[PDB]
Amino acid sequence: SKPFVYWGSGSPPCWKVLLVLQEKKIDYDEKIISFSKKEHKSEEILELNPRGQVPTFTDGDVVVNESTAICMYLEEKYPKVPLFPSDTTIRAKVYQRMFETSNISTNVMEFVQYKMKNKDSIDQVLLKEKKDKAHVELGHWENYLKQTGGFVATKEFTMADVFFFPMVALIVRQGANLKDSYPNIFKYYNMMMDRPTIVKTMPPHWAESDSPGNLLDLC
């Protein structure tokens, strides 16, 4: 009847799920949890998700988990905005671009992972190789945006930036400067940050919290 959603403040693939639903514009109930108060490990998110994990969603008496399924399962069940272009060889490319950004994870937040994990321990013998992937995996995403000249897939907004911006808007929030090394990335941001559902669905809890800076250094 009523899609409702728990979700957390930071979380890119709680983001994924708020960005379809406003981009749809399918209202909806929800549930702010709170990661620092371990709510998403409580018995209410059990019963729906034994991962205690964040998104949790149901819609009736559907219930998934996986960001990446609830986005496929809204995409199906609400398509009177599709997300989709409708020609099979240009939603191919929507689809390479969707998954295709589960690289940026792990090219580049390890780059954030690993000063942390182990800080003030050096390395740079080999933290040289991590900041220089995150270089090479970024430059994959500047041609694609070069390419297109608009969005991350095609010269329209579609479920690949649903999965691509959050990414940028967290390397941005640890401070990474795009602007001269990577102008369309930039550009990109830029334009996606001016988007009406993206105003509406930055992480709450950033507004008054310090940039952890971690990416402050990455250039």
Contents of the next structure:
Number of protein chains: 2
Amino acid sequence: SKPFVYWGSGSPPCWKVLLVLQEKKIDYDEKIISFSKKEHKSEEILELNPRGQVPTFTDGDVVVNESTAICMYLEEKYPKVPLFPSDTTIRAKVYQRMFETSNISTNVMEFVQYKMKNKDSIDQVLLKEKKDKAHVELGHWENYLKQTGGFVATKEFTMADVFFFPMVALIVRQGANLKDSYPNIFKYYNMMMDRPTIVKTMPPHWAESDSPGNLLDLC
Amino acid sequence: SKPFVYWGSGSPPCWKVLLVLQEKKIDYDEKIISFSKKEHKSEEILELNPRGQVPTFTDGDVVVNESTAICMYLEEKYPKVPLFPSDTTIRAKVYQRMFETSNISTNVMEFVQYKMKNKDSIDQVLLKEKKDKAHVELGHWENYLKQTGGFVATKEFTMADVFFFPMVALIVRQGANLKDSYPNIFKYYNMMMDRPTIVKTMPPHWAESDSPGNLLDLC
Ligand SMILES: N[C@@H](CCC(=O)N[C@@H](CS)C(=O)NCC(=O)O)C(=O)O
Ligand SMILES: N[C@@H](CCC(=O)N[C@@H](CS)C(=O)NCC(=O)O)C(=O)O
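I've shown you the form deposited without glutathione (GSH). Could you give me the structure of the form deposited with glutathione (GSH) bound?
Now the complete complex, all chains and molecules, led by this one.
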């Protein structure tokens, strides 16, 4: 049995899956679909995933789509390279950080959404509201990296970094100068960006396209 | 070591934790906080949870807050009553359903949010948009229950039902007549509502308060 994963460029849910696969060094087959050409809605994809989304994934008769379910399945199916420590108490912290990352999406990426959605309708009395929420959110993670001095959950790479980093990258892709404002996250970013597995899974379309820059003002 | 959980009434994240605790029959200590009196922001809560949210949870030196992390920790710490089957392939389906339930929140509960948020500003040209999304979302789950004939993920109660049911209940609490429109979800609801563990964890404030009814029109 050899895993197969349909995924697109610039998608954190897909990145999570690719990182897990690479980090555990599992040989897999893939189909890099085009979002702009709506390939995530192909019939081939819909048979496996009624929601027409990526990642979509198989491994024999095993079919799983939620990026988080795929990662959990991979951790359980291919145990040789653990992305979780063995200590139950410490694993709890890894799980905490993993799932807590859904907050970045809401409190951070909302800042970008707003400027794009209701554009031309810029209300700085509200703009400064969500901007402060983004910073409040990032502060938590900043403190976390500060607290460990290394990776988002512990002093080693774990499933939590698989969830967190893609979000950090997307933030920087939007142009966040975190160098001085969030020295720990930035230190974490540059550190991670240097990890082989991450260099290998950078979103394909990023190199030859310009940053959306919806965050150039962040900090 | 005895678990301690701070939680509030009518909160799906808290319900998930209570169900897991009850279903595995773990004896725990609790603090039922008042949201209206802002007790989720107490100092006692903030020391353990910098976000000032519930559930907030401890078990010795073990501190975990994300409802999903707590459930995973409980599954791993107290294995006697498994909420997951042993088959790795089948567990994958349980994980799929568990995490996919985050969609109900977005595609379903948005319908309720909108009518509350931008109220008085009712735009039925858009109202009928999200209403159709709610039905599309529920259809997936309807088909799932149809596909199994029993619980949301398999023919037994699993961690997936722990995630799904609270959302179904909240929907009905908003007044959804799913009897004829979603016979399988409704059958699932009445079935679940009858399970001892669920009767015991119904949101405390529901009995003596009226349904918000933001869904009475759903179907
Ligand atoms: N909860 C899913 C979400 C996946 C998702 O949102 N995928 C996007 C790309 S990042 C997609 O394919 N979207 C297409 C759509 O909604 O049609 C996960 O984490 O896997
Ligand atoms: N992702 C968390 C979310 C918890 C959450 O949103 N809790 C709400 C009650 S349902 C809360 O305490 N909210 C207070 C707040 O944001 O201040 C989880 O699932 O545990």
